[PDB]
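Q: With chain A fixed as given, assemble chain B onto it according to the hints.
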Amino acid sequence: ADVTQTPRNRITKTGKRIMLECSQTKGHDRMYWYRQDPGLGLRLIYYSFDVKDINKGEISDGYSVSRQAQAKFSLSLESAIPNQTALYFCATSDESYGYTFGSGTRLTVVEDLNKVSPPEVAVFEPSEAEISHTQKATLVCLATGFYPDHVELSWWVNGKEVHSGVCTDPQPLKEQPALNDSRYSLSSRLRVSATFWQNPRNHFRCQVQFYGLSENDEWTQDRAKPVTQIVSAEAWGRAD
Amino acid sequence: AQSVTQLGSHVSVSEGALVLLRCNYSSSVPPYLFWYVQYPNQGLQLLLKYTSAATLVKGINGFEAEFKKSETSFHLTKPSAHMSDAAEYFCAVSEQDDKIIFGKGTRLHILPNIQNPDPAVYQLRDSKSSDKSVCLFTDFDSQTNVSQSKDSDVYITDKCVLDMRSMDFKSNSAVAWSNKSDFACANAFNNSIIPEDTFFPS
Numbered sequence: 001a002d003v004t005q006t007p008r009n010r011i012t013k014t015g016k017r018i019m020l021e022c023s024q025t026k027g028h029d030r031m032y033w034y035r036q037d038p039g040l041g042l043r044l045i046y047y048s049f050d051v052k053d054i055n056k057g058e059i060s061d062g063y064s065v066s067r068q069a070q071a072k073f074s075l076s077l078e079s080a081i082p083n084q085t086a087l088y089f090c091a092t093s094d095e096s097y098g099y100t101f102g103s104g105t106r107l108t109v110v111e112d113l114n115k116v117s118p119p120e121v122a123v124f125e126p127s128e129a130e131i132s133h134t135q136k137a138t139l140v141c142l143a144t145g146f147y148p149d150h151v152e153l154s155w156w157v158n159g160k161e162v163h164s165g166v167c168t169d170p171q172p173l174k175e176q177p178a179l180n181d182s183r184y185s186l187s188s189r190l191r192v193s194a195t196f197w198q199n200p201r202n203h204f205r206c207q208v209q210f211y212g213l214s215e216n217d218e219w220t221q222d223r224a225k226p227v228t229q230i231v232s233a234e235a236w237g238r239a240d
Numbered sequence: 241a242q243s244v245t246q247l248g249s250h251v252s253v254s255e256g257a258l259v260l261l262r263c264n265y266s267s268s269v270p271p272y273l274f275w276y277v278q279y280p281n282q283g284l285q286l287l288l289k290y291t292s293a294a295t296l297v298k299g300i301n302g303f304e305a306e307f308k309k310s311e312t313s314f315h316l317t318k319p320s321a322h323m324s325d326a327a328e329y330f331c332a333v334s335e336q337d338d339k340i341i342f343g344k345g346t347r348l349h350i351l352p353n354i355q356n357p358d359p360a361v362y363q364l365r366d367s368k369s370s371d372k373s374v375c376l377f378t379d380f381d382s383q384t385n386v387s388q389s390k391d392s393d394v395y396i397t398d399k400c401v402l403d404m405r406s407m408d409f410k411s412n413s414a415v416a417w418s419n420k421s422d423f424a425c426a427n428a429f430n431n432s433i434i435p436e437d438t439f440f441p442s
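Taken in order, these protein sequences are the chains called A and B. Counting from 1, one number per residue, gives the positions in the first sequence under our numbering. Counting from 241, one number per residue, gives the positions in the second sequence under our numbering.
Hints listed in this document are in silico derivations from the structure and should not be mistaken for laboratory results. For each residue, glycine too, the CB sits at the ideal point set by N, CA and C. Mixed in with the good hints there might be a few duds.
[Unchecked claim] BS3-like cross-link-like pairs, simulated, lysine-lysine; straight-line CA separation at most 27 angstroms: (1) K372(B) / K174(A); (2) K56(A) / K344(B); (3) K174(A) / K318(B); (4) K298(B) / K174(A); (5) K399(B) / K225(A).
[Claimed, not checked] Label-pair ranges, simulated between beta-carbon atoms: (6) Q355(B) / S79(A): 55 to 63 angstroms; (7) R201(A) / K308(B): 33 to 41 angstroms; (8) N356(B) / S79(A): 52 to 60 angstroms.
[As the list claims (entries may be wrong)] Below, a sample of chain B positions facing chain A; criterion: calculated Cβ distance under 8 angstroms: (9) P280; (10) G283; (11) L376; (12) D398.
So here's chain A without its partners, still in its complex pose:
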């Protein structure tokens, strides 16, 4: 609500021009665009001290920027390629290194939109032997067959999002690691007391938000158009 960036999530095809927008309300002279990749931290792309003024950072190739106003700093991918897939952050600074970051843009550049595919999601119920041995009960959610790797998984108990008792894999795995355009799979666990699982009124849902094609995109296959969507799977408690 000082620094805002748009969009939040974007999937694009190789070769398209993409624009990310950063706006601020404080009118700081200094604005920045960074990208973040795993293992590399945040790397500066470009930065600007005034409407008249643009400066390269350490990784400027394949990008351009425009400082269209004191308040605004746009980042353009002229011709998007897959290795520009990253989380992007804009920032402002005062004259004393007081940084404010925007909340980020997750961008995935895919070569071939025909390969986009939503997840299939399944919930696997707790083992009787776990319940007897430990008096706890672990549900497992599996999301499989999805492309690209651009999802968010969450758990919902009796209609409310839960974070306690959850662990989700930090990265999906490749179903076919030899393939450049392999589909992905992700798993998550939710563990509760056996008492809570054994109540048949309790409802457990694993939700996967998938980011895919938009309504604007052409689709020529028979199979479902793989648009951004939510896929869930669910289970009710049981006392056998």
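A: Okay, now just chain B, sitting in the frame of chain A:
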């Protein structure tokens, strides 16, 4: 100025033990220095910074860092590791009087205190099965690690730690699955070194 160095992309600490994440800089004149934290799918939050005032800088949550010019260091410390401290930490430095440059980041993994491990491999069934299952290896202590499958039709995840707040109880697990007719939970983790006392129910 020139750079900032964090070594080890992934580091461990025992739950309850001292947190120490190392950062060094190269700059002839002392720079300003910053530690940021990032949770999964979240943005950056400043923990503390050195801005040429006190050399011992205090931040939120018991975090502190001492600026030590003669060893060009600014190590981040916290008295005790809690499970909620699992995140990625970045040290950063002022550069060229006009920007902050970031280190590569270190992800902090907190090993839960498991006094009474109870390693087991369980088989779980699909809630609306057409005869589908997965295997759950769970309740081992952090001396165990899970290896990748050697069979390209068997999928095995990394170990993951959950904290059931309801019972103040943490546990490790990994998941394995396959479509193969030949697949059995007894064999799923045969490429991992598992505890000799792992429970394999009937």
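Q: All hints are to be evaluated individually against the structure, with a verdict given for each.
A: Results of checking the hints against the structure:
no., hint, in the structure
1, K372(B) / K174(A), "20 angstroms, holds"
2, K56(A) / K344(B), "20 angstroms, holds"
3, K174(A) / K318(B), "37 angstroms, violated"
4, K298(B) / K174(A), "42 angstroms, violated"
5, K399(B) / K225(A), "34 angstroms, violated"
6, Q355(B) / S79(A): 55 to 63 angstroms, "57 angstroms, holds"
7, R201(A) / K308(B): 33 to 41 angstroms, "59 angstroms, violated"
8, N356(B) / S79(A): 52 to 60 angstroms, "58 angstroms, holds"
9, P280, "7 angstroms, holds"
10, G283, "5 angstroms, holds"
11, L376, "6 angstroms, holds"
12, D398, "6 angstroms, holds"
Hint violations for this structure: numbers 3, 4, 5, 7, all remaining hints satisfied.
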